[PDB]
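Student: Residues per chain are reported as follows:
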Amino acid sequence: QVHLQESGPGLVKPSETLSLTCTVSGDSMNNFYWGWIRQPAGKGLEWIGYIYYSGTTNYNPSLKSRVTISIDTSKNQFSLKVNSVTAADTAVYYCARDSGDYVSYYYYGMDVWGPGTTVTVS
Amino acid sequence: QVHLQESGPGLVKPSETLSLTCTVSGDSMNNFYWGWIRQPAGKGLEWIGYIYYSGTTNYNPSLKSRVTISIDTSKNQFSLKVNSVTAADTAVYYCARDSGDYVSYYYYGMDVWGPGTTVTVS
Amino acid sequence: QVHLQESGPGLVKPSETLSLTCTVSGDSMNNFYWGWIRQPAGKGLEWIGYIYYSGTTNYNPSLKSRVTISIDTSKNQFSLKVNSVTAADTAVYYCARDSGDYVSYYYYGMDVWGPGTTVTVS
Amino acid sequence: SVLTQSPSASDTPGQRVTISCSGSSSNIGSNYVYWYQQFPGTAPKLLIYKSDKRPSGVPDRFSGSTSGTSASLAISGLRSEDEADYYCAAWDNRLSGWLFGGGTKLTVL
Amino acid sequence: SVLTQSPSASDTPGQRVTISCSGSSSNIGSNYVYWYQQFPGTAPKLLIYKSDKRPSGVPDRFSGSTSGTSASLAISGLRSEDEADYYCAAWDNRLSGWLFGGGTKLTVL
Amino acid sequence: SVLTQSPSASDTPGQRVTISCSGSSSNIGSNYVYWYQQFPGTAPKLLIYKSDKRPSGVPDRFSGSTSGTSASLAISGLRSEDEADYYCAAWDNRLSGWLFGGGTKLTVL
Amino acid sequence: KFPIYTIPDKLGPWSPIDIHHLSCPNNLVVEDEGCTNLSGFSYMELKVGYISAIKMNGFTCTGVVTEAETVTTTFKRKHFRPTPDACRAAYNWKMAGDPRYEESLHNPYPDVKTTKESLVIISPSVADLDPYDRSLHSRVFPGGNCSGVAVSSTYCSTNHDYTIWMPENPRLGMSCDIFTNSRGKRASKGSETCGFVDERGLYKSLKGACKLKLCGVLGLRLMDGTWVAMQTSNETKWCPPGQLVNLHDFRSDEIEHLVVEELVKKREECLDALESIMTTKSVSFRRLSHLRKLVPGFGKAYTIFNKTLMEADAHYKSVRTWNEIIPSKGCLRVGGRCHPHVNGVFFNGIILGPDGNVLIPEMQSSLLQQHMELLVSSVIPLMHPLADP
Amino acid sequence: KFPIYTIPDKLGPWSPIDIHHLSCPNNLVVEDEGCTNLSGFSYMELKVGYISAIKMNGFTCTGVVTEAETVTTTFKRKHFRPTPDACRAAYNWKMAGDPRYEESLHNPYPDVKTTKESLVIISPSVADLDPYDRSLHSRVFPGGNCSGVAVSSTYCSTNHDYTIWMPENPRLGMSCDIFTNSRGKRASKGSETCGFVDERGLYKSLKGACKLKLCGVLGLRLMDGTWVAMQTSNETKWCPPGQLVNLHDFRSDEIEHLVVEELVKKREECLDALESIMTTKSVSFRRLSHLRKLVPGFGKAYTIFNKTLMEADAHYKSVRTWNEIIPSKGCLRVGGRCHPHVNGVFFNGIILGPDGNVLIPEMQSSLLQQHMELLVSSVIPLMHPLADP
Amino acid sequence: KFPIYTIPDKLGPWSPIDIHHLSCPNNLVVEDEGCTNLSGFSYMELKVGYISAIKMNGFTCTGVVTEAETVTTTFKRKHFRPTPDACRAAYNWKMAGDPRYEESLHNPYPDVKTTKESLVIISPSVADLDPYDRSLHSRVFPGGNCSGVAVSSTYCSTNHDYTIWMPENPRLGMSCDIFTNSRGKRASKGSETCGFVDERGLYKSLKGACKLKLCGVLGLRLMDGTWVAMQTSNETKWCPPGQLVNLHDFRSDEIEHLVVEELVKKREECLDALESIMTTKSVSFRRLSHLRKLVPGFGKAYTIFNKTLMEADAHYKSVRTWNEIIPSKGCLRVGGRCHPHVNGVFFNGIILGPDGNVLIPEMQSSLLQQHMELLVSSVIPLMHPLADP
Ligand SMILES: *[C@@H]1O[C@H](CO)[C@@H](O)[C@H](O)[C@H]1NC(C)=O
Ligand SMILES: *[C@@H]1O[C@H](CO)[C@@H](O)[C@H](O)[C@H]1NC(C)=O
Ligand SMILES: *[C@@H]1O[C@H](CO)[C@@H](O)[C@H](O)[C@H]1NC(C)=O
Ligand SMILES: *[C@@H]1O[C@H](CO)[C@@H](O)[C@H](O)[C@H]1NC(C)=O
Ligand SMILES: *[C@@H]1O[C@H](CO)[C@@H](O)[C@H](O)[C@H]1NC(C)=O
Ligand SMILES: *[C@@H]1O[C@H](CO)[C@@H](O)[C@H](O)[C@H]1NC(C)=O
Ligand SMILES: *[C@@H]1O[C@H](CO)[C@@H](O)[C@H](O)[C@H]1NC(C)=O
Ligand SMILES: *[C@@H]1O[C@H](CO)[C@@H](O)[C@H](O)[C@H]1NC(C)=O
Ligand SMILES: *[C@@H]1O[C@H](CO)[C@@H](O)[C@H](O)[C@H]1NC(C)=O
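Residue numbers (the entry's author numbering), protein chains in the order written: chain H, 218 to 339; chain G, 218 to 339; chain I, 218 to 339; chain E, 2 to 110; chain D, 2 to 110; chain F, 2 to 110; chain C, 1 to 70, 78 to 118, 125 to 402; chain B, 1 to 70, 78 to 118, 125 to 402; chain A, 1 to 70, 78 to 118, 125 to 402.
Take these hints with a grain of salt, some might be off.
Below, computed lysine-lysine pairings styled on BS3-like, alpha-carbon distance capped at 25 Å [said to hold, decoys possible]:
#1 D:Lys51 with B:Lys342
#2 G:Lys281 with B:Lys342
#3 A:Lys279 with B:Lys279
#4 B:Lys278 with A:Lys279
Calculated directly from the structure, the hints in this document are not laboratory data.
When you get a sec, could you build the whole thing from the sequences and use the hints?
Tutor: Put into structure tokens, the structure is as follows:
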């Protein structure tokens with residue numbers, strides 16, 4: 218039932234920031250981890266990081282210095298900001314609900330993925 | 218040296234019983250498990266169960282309610298009775314001496330198998 | 218840098234002995250095991266045994282009775298003597314420095330092998 | 002620590018194909034492995050929701066098995082619609098982050 | 002718990018063939034595995050009387066090896082007389098009964 | 002205890018080849034495995050100086066992996082110069098001596 | 001496969017116990033297949049600290065004779088079984104805390126012979142109440158089955174022939190304000206409801222439940238011991254009379270393959286630590302850590318305050334990263350609040366290190382860290398000085 | 001790979017021991033390859049309870065001086088080494104059980126000084142007899158090698174200088190009715206007989222045997238310690254003089270790969286439990302279960318009656334299903350008969366539970382069951398109060 | 001993967017400790033990649049027995065009052088905190104060993126009341142010296158941080174309020190003859206020197222070092238604690254002031270995957286044995302063997318002479334065959350010399366068996382051998398009788 222939709226800028230100049238945000242509809246945000254997955258065009262997937270409904274954060278060590286994730290339960294929306302934008306940043310970004318292996322036995326793995334949104338760097 | 222020969226009815230009407238019995242010749246029945254193996258025509262083998270020279274019994278859980286095994290050391294003969302006969306019962310039945318893995322180090326596995334006898338249901 | 222050169226008789230009559238010796242040049246003999254490897258023509262390799270700079274010895278069980286190994290640190294030379302020579306003995310012999318797996322973490326395995334020398338039996 | 006997977010796979014129709022992922026003790030030996038299927042130009046979907054279990058709506062010909070340090074996803078029957086990129090994911094205790102292996106691209110022959 | 006084995010095998014003459022049985026921890030990881038050979042219309046016979054040992058009268062080209070949770074029976078040389086159905090059996094502690102896997106039928110090519 | 006290895010291997014150019022050594026618990030499960038390469042008429046040289054590590058001067062296409070009781074040496078790319086005899090060696094605690102397996106001869110096809 | 005750590009979400013009031021009340025936790029969780037339909041619903045469950053067993057406070061009376069001789080001097084002491092009325096009066100006077108009770112006991116002054130009769134009451138003792146038969150269970154009662162104390166005899170027998178037990182209240186009165194209301198989602202397979210998801214977000218399996226009634230509201234006693242008020246199948250039977258007894262469960266063990274490596278092994282390691290505790294009659298912070306539940310189900314936490322073993326009921330939640338439990342130096346988050354420390358001692362063996370930093374035995378070990386503070390062993394006094402010899 | 005459980009087939013008479021006589025069992029069985037010919041034959045073997053070591057009963061004499069002063080009052084006690092003749096007389100009078108012996112010892116009445130000489134004899138002590146040299150071995154004897162007691166000196170030295178040892182009989186007389194006859198099949202490889210199958214159905218390997226002679230009939234001492242009377246190769250040597258000493262076996266360890274996982278590991282786990290017993294000087298039913306032999310070979314069973322450690326010789330048989338050992342509630346079949354229970358205590362840590370049901374520690378653990386009765390630990394008194402300090 | 005055994009190459013002087021000074025060894029060795037260039041060089045390192053911690057000998061003064069009454080008779084004893092000058096005088100008189108000091112302490116003779130003041134000094138106690146701040150650390154000092162003893166106050170506080178500590182020397186004087194010169198090869202990656210090979214032939218990683226200065230010569234404190242005098246990068250920082258404190262290392266644990274099976278497991282097994290030692294306050298030769306370092310790095314050996322726990326510094330070398338350590342019966346080669354045995358007791362739990370043969374606990378276990386001598390447990394007295402209660 219629950220589905221996510223990504224929103225945000227499509228092209229960004231170098232040395233700026235990304236304001237991508239996705240919404241959650243049909244279910245509450247509690248008891249679930251929420252993260253962001255990105256994929257360079259034609260290459261494998263990468264895990265940016267996740268956030269919890271409580272607000273604890275975790276980031277990929279390779280991008281720990283450049284990325285921050287914020288959440289707002291009042292409107293069912295979480296976003297991701299990258300401090301520095303380079304040509305390498307161009308990729309397709311996905312939003313996903315992360316259900317931990319042991320948190321809830323009913324749900325396992327990253328269940329729902331939103332429609333991929335492309336971000337380009339000029 | 219030891220060899221077994223199966224004996225019993227070849228065809229049986231539905232809702233009756235099977236009286237299959239096999240004899241042991243050339244060796245004593247002590248210190249060995251004795252069991253029965255059946256095989257549907259063209260399919261894999263199935264383990265009905267076994268009995269010990271002492272008289273303890275064990276049965277396949279799928280057939281625990283329908284099968285009984287009796288032994289008579291005085292004449293070197295053990296038999297198998299099935300309470301209910303259906304069309305599924307038709308198969309080829311084998312008698313086998315079961316030497317447990319750890320009971321006697323000299324003998325391992327089901328050593329000797331008798332000639333298969335077919336049983337049909339009308 | 219270090220390299221080894223084998224020396225010794227090429228042909229030997231049966232029931233005699235082998236006096237093969239190899240020299241070490243460019244490095245000290247301390248803290249290393251030194252052994253001998255032989256290979257029948259067209260077959261696999263075999264481990265005769267090794268010796269330590271201290272003088273402890275070890276031999277292949279299949280040849281424990283026939284082979285002795287001696288070392289002389291003063292001239293950087295170690296040798297191998299076989300008590301009995303048969304037609305089976307003919308093989309190509311190799312000298313090798315044996316660096317144990319746990320003795321020194323810098324060196325692993327049999328690092329340096331000398332040029333193979335053939336020994337024949339008439 | 003990383004997950005290693007074959008670059009590509011190819012097979013004749015009507016033939017079993019096996020894809021294998023190899024990992025360390027903290028990746029596969031301690032946590033479950035999830036395999037994803039991605040068609041080109043589409044978001045990936047969770048082919049198996051546990052190492053062995055299958056989520057509803059998945060054809061039964063897909064089945065995965067897990068060795069102590071390695072995983073395997075075998076498709077019993079090959080169909081024209083089975084051509085996709087398959088990616089295996091697992092959690093790493095020491096890293097404390099998800100790990101994605103190099104996706105294998107299966108092409109029918 | 003059950004024993005899983007390939008449905009069928011095929012190979013050219015003079016070639017090594019390997020048949021594999023996969024089981025749980027209580028089947029293969031705790032008890033020995035015995036492989037049987039059955040010609041059509043005949044009672045099966047015990048090809049190997051232990052996981053590795055061979056009973057007398059068995060050609061030496063038959064040899065089995067056991068992994069921690071899996072078994073394997075490899076025939077080094079393929080002969081016209083090697084075409085038979087092979088069934089692997091093992092004991093199950095939890096079940097307390099013998100378990101027979103799906104027999105693999107080997108056909109020479 | 003002994004080390005078992007394939008008698009021979011053959012493969013078309015530009016194809017991955019895998020050579021496997023199988024040993025007991027005291028051979029591979031307790032000590033590192035070293036693979037050697039020997040050209041005909043020449044002394045063997047140490048292809049890998051540890052189970053996974055490569056000594057300097059070795060092309061990167063050579064890579065070995067070690068299972069708990071078995072080893073494997075896989076060459077990603079096959080070249081005319083890769084035709085050689087490969088021998089795997091390991092230490093045995095119980096024997097207290099080095100053990101050499103039956104060398105596999107790789108021939109390009 | 002198990003999570004790296006688990007932390008209680010809510011902690012009930014602490015209660016004192018001894019080494020003999022310890023028990024290895026249950027690490028099994030039941031999963032059902034086919035339940036794909038979810039629908040919000042409201043349910044009622046017991047509050048924390050009452051789920052395990054309603055406890056009735058009491059006291060034990062043991063009489064002793066303080067005779068002596070009288078210039079000669081010699082003391083004489085022999086025990087006897089008292090009467091309930093004098094026992095209750097003694098308790099009332101000890102509850103008053105007046106010095107008169109203290110002297111009537113502590114100083115014999117038996118001054125030819127002279128004797129002074131005395132009745133000694135032990136610190137309050139607690140006994141589990143069984144709702145189905147209104148019976149009190151405890152180690153002090155002989156055979157562990159005292160029945161109808163309120164119905165027939167105000168006093169119950171004890172292992173010591175000269176000792177009897179008395180509830181603090183004249184009659185077994187239990188407050189019924191033990192219910193809390195929470196939201197959840199109902200998992201339904203076909204038409205039947207296989208399970209429900211609770212407020213904490215953990216799936217609860219309804220398989221193998223039995224019908225019980227507490228405070229006049231009908232409910233179901235789940236497999237793990239949690240009781241929830243919801244609709245029940247008529248086919249489902251009533252709970253067996255026996256309760257609070259040695260483990261006698263059957264279906265789960267046979268139906269769920271107790272994975273040898275996953276469950277049997279962990280159970281053996283836990284039993285090893287428990288056996289060591291019983292043999293040495295002492296505990297250490299490292300050894301206490303081995304009794305923690307490895308799964309999210311309801312369990313019991315342990316700790317030691319004033320050299321006294323303590324326990325409480327709790328609901329466990331899984332943890333993915335050590336950052337969440339310890340966000341900054343000196344804080345262990347519990348329910349979103351920094352838990353307070355009594356003498357720098359937390360639950361389940363967690364302690365505050367000399368550097369003013371939180372130390373977790375299973376976190377330090379994973380970092381190859383070692384500390385002498387955790388290893389230190391301290392003896393624990395037995396709870397029942399007289400009743401149990 | 002090992003069987004799930006093993007149970008003794010025949011149990012010998014129980015004998016008392018202490019913690020220091022315990023030893024980890026041998027889990028190795030020797031298998032031979034090539035023996036494909038079997039032929040019925042008859043053989044003779046020792047009865048159960050005599051296979052381990054023929055035991056000679058005895059008693060120890062330790063003298064003490066009961067002097068005192070005499078109005079003053081003060082007691083004095085010093086020990087001395089007595090004479091064998093008075094020791095034997097004292098034993099005869101204690102065997103009579105007359106009160107005169109009791110008083111001559113218990114009450115000194117030494118009433125200026127006055128003294129009363131006393132000779133105290135300890136409860137009977139037992140010592141293994143070595144057939145080859147007719148020597149008595151025991152912990153009490155210094156160095157564990159007392160020789161020619163009957164041949165030269167009726168008394169043997171003890172660790173305590175004031176203590177001496179005396180056999181109950183005047184001379185070392187051993188009954189020779191220790192042989193039983195059984196049927197079997199003889200396994201022959203080529204012409205040589207590699208092994209024989211016994212009455213119990215277990216294959217016995219004849220490799221590594223030595224020639225011994227008991228009661229004048231020549232036989233072979235097998236690898237496992239069992240002695241059988243049968244034909245022997247002249248090439249086979251005589252057994253080495255040393256017997257009943259610290260493990261000094263060689264061929265089996267080198268020839269048979271002591272599988273690390275199968276044998277070394279089990280040995281380490283057993284040694285851990287044994288070490289814990291020695292350190293804590295106490296035993297528990299769970300810990301006793303770790304000393305059971307895991308294979309069908311001959312071994313020793315242990316149990317605790319009247320807080321005293323007990324042991325006996327037995328032949329072990331493998332078990333495939335827990336049904337065979339416990340057919341119905343309250344029966345543990347041994348040799349086809351429901352074994353009797355002394356105070357609800359069986360052998361090898363098996364006990365009767367409070368519910369009147371047989372509990373096996375290795376069966377309950379496999380079901381994730383737990384019980385406090387098995388864990389409970391009880392101290393065991395040392396066998397030698399005076400001889401060994 | 002670990003070597004079968006390790007043996008010390010050089011042993012420092014033995015020093016006495018108690019159970020509380022024990023610590024699990026470090027089994028991690030750092031390996032670097034890319035260093036392919038070697039060049040002979042000379043370096044300086046500390047001698048064995050000084051690498052761990054320079055130790056300053058001392059003594060503690062605790063005063064007690066020996067008053068009594070005086078025909079009546081009654082003894083009275085109360086403690087007090089003395090003055091440093093009388094403490095030093097008492098020490099000088101006890102160093103003289105004259106009987107006058109012995110009587111002034113042992114016999115009170117306080118004979125209306127009469128009193129006799131007494132000052133008791135405890136057997137010498139040792140305290141680690143920190144070179145960076147010239148501070149003395151020890152368990153006796155409260156909080157483990159006594160600073161500027163020589164600089165300001167000759168005496169330092171102790172946990173007991175009536176106890177004070179005194180160094181044997183009037184001032185903290187340390188001999189600087191603690192350096193030995195050895196040859197080695199220098200491993201260089203590119204231009205930087207990643208590591209050096211030592212005289213023993215073991216590669217030492219220079220990563221993660223800090224600059225320290227002992228005796229006025231600048232050096233580097235390596236990761237494993239060894240100090241070597243060599244060229245240092247200016248970029249490298251100075252060592253953190255804190256030294257000799259609870260393990261606070263960081264980079265190695267994160268950078269090197271502490272293999273779960275290889276390091277974490279061995280650490281848990283070691284901690285189990287260490288915890289058992291602390292709980293039972295007794296040691297056994299088998300349990301001492303579990304504290305041995307499994308790798309060639311520098312460590313500490315343990316042994317028990319005259320029922321006193323002993324320790325020393327050593328450098329460990331790997332062993333490939335048990336033949337090298339024990340060439341013939343009765344010899345354990347150490348540094349190429351048969352090590353001498355004190356009362357048949359070697360280091361690290363190695364003992365001489367009753368048969369006059371060297372027994373190694375990890376060698377006998379690998380042969381399925383067992384012996385009762387190794388299991389035997391013996392209590393160890395606490396080092397600080399008064400200071401620590
Ligand atoms: C034991 O307790 C049960 C449950 O309270 C009760 O029904 C039974 O009568 C008791 N047994 C007695 C009192 O003997
Ligand atoms: C229980 O019985 C009532 C009786 O009318 C019926 O309406 C209800 O459907 C039954 N429910 C179940 C689960 O049997
Ligand atoms: C623990 O001891 C302190 C000191 O007497 C006391 O104030 C505190 O209330 C005690 N806590 C408990 C839970 O008994
Ligand atoms: C030790 O016992 C053996 C066997 O009884 C005997 O031959 C030997 O003489 C004894 N040693 C002595 C008496 O010193
Ligand atoms: C033993 O010696 C006798 C002497 O005649 C001979 O007959 C017999 O065959 C021999 N047996 C063996 C096994 O050496
Ligand atoms: C055990 O104790 C009881 C009670 O004194 C006694 O009757 C019985 O004979 C004892 N059994 C043994 C074997 O000592
Ligand atoms: C603790 O020791 C350090 C190092 O010797 C010192 O710098 C510090 O001042 C000490 N702390 C005190 C004296 O409070
Ligand atoms: C340290 O500083 C001196 C200053 O002249 C310089 O010569 C030297 O190269 C420097 N070395 C390093 C390692 O920084
Ligand atoms: C051990 O005790 C003996 C006997 O008193 C003594 O001679 C020896 O010096 C002691 N050794 C040590 C290291 O104290």
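Student: Now tell me if each hint is right for this structure.
Tutor: To see whether the hints hold, each was checked on the structure:
no.	hint	in the structure
1	D:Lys51 with B:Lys342	violated (37 Å)
2	G:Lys281 with B:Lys342	holds (21 Å)
3	A:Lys279 with B:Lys279	holds (18 Å)
4	B:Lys278 with A:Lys279	holds (15 Å)
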